[PDB]
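Below: one structure in structure tokens.
Complex shown without one protein chain; remaining protein chains in place.
Lettered A, B, C, D, E and F in written order, each chain numbered from 1.
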Amino acid sequence: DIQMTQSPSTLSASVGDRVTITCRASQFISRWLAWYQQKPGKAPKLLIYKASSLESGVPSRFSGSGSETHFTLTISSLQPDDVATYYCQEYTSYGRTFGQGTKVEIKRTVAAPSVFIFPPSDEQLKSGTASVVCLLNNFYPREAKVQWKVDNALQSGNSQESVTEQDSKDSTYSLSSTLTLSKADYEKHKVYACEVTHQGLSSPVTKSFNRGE
Amino acid sequence: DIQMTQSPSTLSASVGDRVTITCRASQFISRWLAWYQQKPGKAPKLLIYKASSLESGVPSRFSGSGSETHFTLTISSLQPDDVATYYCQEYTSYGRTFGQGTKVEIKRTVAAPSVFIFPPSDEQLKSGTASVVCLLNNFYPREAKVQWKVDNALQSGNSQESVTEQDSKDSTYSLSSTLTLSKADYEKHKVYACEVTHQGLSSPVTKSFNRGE
Amino acid sequence: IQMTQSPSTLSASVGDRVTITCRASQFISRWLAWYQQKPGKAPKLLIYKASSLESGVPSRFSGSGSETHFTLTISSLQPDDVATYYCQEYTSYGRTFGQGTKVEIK
Amino acid sequence: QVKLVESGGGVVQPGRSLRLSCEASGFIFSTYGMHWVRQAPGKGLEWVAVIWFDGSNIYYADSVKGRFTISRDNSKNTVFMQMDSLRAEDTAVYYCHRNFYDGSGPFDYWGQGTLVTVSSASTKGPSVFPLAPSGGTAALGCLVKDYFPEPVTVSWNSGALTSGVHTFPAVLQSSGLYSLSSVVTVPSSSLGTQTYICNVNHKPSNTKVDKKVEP
Amino acid sequence: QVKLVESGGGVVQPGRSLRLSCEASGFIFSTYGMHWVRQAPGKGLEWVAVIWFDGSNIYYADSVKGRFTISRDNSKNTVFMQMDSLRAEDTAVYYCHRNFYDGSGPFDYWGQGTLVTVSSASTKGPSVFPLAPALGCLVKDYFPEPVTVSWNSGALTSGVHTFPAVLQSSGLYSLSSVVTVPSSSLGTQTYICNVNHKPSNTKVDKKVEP
Amino acid sequence: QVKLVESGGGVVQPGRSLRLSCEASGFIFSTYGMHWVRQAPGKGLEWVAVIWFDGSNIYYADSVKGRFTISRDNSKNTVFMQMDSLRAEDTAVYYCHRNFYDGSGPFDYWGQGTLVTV
Partner (left out) sequence: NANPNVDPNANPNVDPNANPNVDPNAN
């Protein structure tokens, strides 16, 4: 069998720059390669075949080269509409083989996150499960940390976080942190808080509230 | 032996846009197609080859077509250098195979005809055969009907009609109707009439001729 | 296998039709390649199989011929494209080059 | 023209059979083969099986060999796929792929994809709760919880309000049920606004539920 | 430059034989081939025959095989085409087609066009008649096409209508022309219905008077 | 990737057997073979010798039939060349060549040369 690898796992570049992605293989596959591209929530599209050529309708800012056991793709002057995932491919028998996938995103200045906290409602309290949510908006880059305090006590192993895709207008992220518990724990304590730390802020931001108001 | 078929043989746009012509083939011709264009009569002229490639010097005629057996040609707004006849063409081996042909017209509005009649000339009477003409001028659209009455008697099978090509200034058609007969039968009748009907005229109009006046 | 090339000198202005002859020894198949060498560098393949053109090359070159007679033709000359041209046969295991054809000046 | 359609997806319990079917319209299937390509919920693409026309050359993947079967019906241009002994790891989106190259260029065509999932759980309707928004612009949210299977569609004001909206990707809880929340930023003093509604829509079970959020 | 010319053609009694010759001036016939394409009067185009450069690849149409043939003389670049046993519905306009796709873009060249009309008749001059009072001119009983008709030797060429020729069942052609005229253009300078027939030199000019 | 690098050589006196090496910098050498080719100043290129992987055809040139000794080396890919009884007209620049044609096109990978002077 033949295994194919892509060296850079993720990329980051500003507008109007040069980016390169390299595909490495084992064994010998001659000049047979093809580079795909997939935008989120759709079907992939062919870009380059035979490792040097170009299909009709593709802008001429893409290029690719290499032979035998080392191939590469170069993009110059990155416009902000080609952010997607790119896959290798090799067609030398009755069977294909794909790569791992390299992601391309955009860079810009840092951002200051905004923090909100929502207390539980009565309808979910009636059912028997209480969820506490706090939300982070408009921050960059991706790395961020949120911690959960209940009655000035740290919790772990019972919270989950979710992040959205990078927007196409302001290029900022958003994060939601949810903590689940049973009711007895909810009326047992009185004080709740989630604390947020990031590169952008000078000091960690604390948000807290009290049960019953 | 690759039969081809085309879109309906007539079309109108009224200086509109989004005019499409569809060409369908049989078997597998891969992607080898060409689109021609012939003005009333000079010679064909080439526009597009490989089913999407604009020629050198041709104006902007957007034309995106598929593969296998389906092809389309779009117009993208119509000036007045696009009244003609368009043909498909294949080239996959030694030989060619043309299509049928599709025309394009221009619509402005409804119009009313002008009806005139000409009595036979005396020299043509001496020739032994008489001919009478009903002329209808400046009417739209092409459909029309004329009837010949000889002393209030309908006739058929001894008349012919001729219509020109749509004028490039006022975009109206002209019609001539010729009725031929022997001199002896001509002397046996005195009253003649050409009666026309059209959508523009509310009522049929009859023009009459009486011998000897 | 002994080969030869007749036009050992060239005399043409900027833009002209030039021809080069690559007479062979015996009846080989369509196994021939053309090499071009500029001064102080390494050779570079131009055309193989006596007809093909190979990728990443200007279209101004064209080779032809078969049997025992093979030729090369360029539409123009261009100051960029003055160098020496060698003939090669790549049948069997061993190679065999020919003689040079210097594109002379003035 | 040419366009492929595949069907047979859905839900199945862990270890019974299931049959897919991919059919085309526009060509005659007598030239080359047809491939099945599956994509995991958040990973890269993978290849499964290929069948030549008048099926003679049959090739499978490495982690799928043994428990799958693929065949062609010799009347129409329809290709089948019969799956036995499913495991909890095979939950993905299955396409239908066909490409080949000719001296004129490339030809490639993809299906659309039918989701296939394996688990041990029934079908349930989502539960919808508000988030009270209660100095600067505010934010209000709508929380769906215990719905199965994916996907659900949410929209505010029947699509009238589509500015400053966010819908985080769904996550899987330990018990085997999904939950997600959707949030909207709102001006500071939009008091007494026209209407705020949670339009939710679930396809597997018709449970269109609309709710309202108030301070 | 590059151009093509065709010779022969004209009028032939049904049956018999002809010979059409295509001459290409501007290049040298060394690669690819040449085709013959015909067009019926007021209908679509259709393919007839092809020839390759050296000696081979001779293919014909569906309803032209058996009859006809194609040939290329050596030395000079001539293309000959022999036809025989011509019945009706083979009267049309023939072109000479050269086409190939290469390099920067396509290369296509067409010919002027040769007219062939098969008929069991003979040459004849036209007969001109006026129309009583716009004003009209009628030509009848002439063969073969075409005829050029105009007014005032082109001095007055505005508002002129000339309907397409109509084939009479007898076997002779006829047509008419009409020119719009102002309301009270009394005492006009001259009105000459000049007519010209190419096969037979019969230049006739007439006058019209109310 | 293939990048042939040539090393080993220098100033010599009439009569010696200085070694020549063509260790490759990429891929492997289990396919086809490898050649040697020289160029003396004021002359065109000329053939030298050809060696396939393992024992195979070792056909020599015209001026040096049956006199040179060239051998492969199992693993640690390299081709070794040994000449004896040096004459004076053997000063030139030596290259390393590997050519083979495939259904996708050619592959040249022209090496780099070194100078040898008697």
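As a convention for this text, a residue touches a chain if its C-beta (ideal position, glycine included) is under 8 Å from a C-beta of that chain, and two chains touch if they have at least 3 such contacts.
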Residue of A:91, A:98 or A:209 in touch with the missing chain, whole complex considered: A:91
Residue touching the undisplayed chain, where the options are C:2, C:6, C:19 or C:59: C:59
Touch list for chain B against the chain that is not drawn: 32, 91-94
Chain D, residues in touch with the chain not shown (by the definition above): 32, 99-103
Touch residues of chain A, complete complex, unshown partner: 32, 91-94
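As a convention for this text, only the chains that are shown with their structure count from here on.
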Result of counting contacting C-beta pairs for A-D and C-F, higher pair: A-D
For chain D paired with chain F, centre-to-centre distance based on mean C-alpha positions, whole Å: 60
Chain A and chain E: spacing of chain centres that average the CA atoms, whole Å: 72
Touching two or more other chains - residue numbers and ranges from chain D: 105
Contacts with 2+ other chains: residues of chain C: 55
Residue ranges of chain B touching chain D (in the complex, touch as defined): 28, 30-32, 50, 66-70
Interfacial residue positions of chain C with respect to chain F in the complex: 42-45, 48, 54-55, 84, 86, 90, 93-100
Residues on chain F engaged by chain A in the complex (per definition of touch): 1-2, 26-27, 31, 102-105, 107
